[PDB]
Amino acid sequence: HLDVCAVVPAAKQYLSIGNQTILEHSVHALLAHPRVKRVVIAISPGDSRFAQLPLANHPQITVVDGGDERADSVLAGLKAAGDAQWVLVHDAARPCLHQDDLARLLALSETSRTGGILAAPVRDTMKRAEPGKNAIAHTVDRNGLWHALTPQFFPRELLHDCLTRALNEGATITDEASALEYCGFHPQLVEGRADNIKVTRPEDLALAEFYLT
């Protein structure tokens, strides 16, 4: 029951922070938890950097070719997830994940049949702009509004089916949770640290390093 397989769609992740790549910081955070028995990393075909990393020969790491879209790479990862009952999907560019948040997320397998994700409550006042221009239409109630983060933890086959159906029906998919939502599910929100950022822009690297060390 407690066995978990992680999937990291990695098809910025190769930038480094302390002689270790962001991807490695990311993957090592997952492998720190005892329940994570395997990590499947989906990389783009032609990606010649991964093979030169220590992760390439790790006994608990399996590499597979990813796809064009995020959901595509996650589905590819799920195919090498063995018989794992629960899957943990985590961003390749989120190296600041903390063990306490991860542990609280994994607890969901004992109290939920849908799974859930790490999220941070909205602090700032939010505004909805008017369609087509930079004018404020109205203020969006921030109460009950959350920033979706990762990992996202769900039963393996359910995640597979939801993302498979969402794609077939051409649904607008953002994160893994949105695939469950599209199929009528309502994943749990597990509060996590706001410093769990995704390195996407140049400045993000320096900030990630600040958070990490």
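Residue numbers count along the first chain shown, from 1. Basically, rigid core = biggest C-alpha set you can superpose within 1.5 Å across the two forms. What changes on going to the form deposited in another entry:
- Here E110 does not count as shifted, since its C-alpha moves by less than 2 Å between the two forms after the core is aligned.
- With a cut-off of 2 Å and the rigid core superposed, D100 has a Cα displacement that falls short of the cut-off between the two forms.
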Given for the second form:
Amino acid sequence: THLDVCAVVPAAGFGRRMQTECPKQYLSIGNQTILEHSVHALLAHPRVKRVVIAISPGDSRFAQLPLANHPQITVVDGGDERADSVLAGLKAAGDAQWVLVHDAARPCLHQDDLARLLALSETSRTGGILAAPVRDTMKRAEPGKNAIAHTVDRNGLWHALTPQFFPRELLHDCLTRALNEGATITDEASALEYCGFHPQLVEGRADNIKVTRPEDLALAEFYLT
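Please show me the structure of the same protein in the form deposited in another entry, now that we have looked at it in the form deposited in one PDB entry.
Next comes a single chain, given without company.
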């Protein structure tokens, strides 16, 4: 039972950066929706016993997918921001000791990256995330201007990706505390950070992209080909 993992997939975003009245997670690549691609990647690993998917209360396309009746899938309503949807998913996680949180919008997840992340439960007490090294020179803009303030050192700088793997109750409590104290939480690692922890960085493939913009769809298809 120690190895059992519960997954949480925040998929309640309206994605108004997609322009289309059709959510990005519901767009299709091959014979499946982006959401299904993401969920099947998690279900592909033996340890992932359950997947909790958080959707919008006004979401009516989920019930029309094969996942709707899957014995390992549980559906709950998400919240205003990603962190809220993730929290609602965590509350239905169960007794699982460890939780995997993965964006519905990242359908290109490979099994090797996933297995390497999952190994953290046997070598870590706080958990970690998949991540990709920064390549371009990075620039910090001036507060209210489109001019360069200074360069941000790309060395030691990483792109946070998902899944993000953490002990269930610890993540639950850190996220609740951060949100209650009105902190800025853009991922799960951010919640552990707010509570004083420092999650591990597990290098994953950079082709594990997030589909948010219209063009992202085409690119995601390319990678899945």
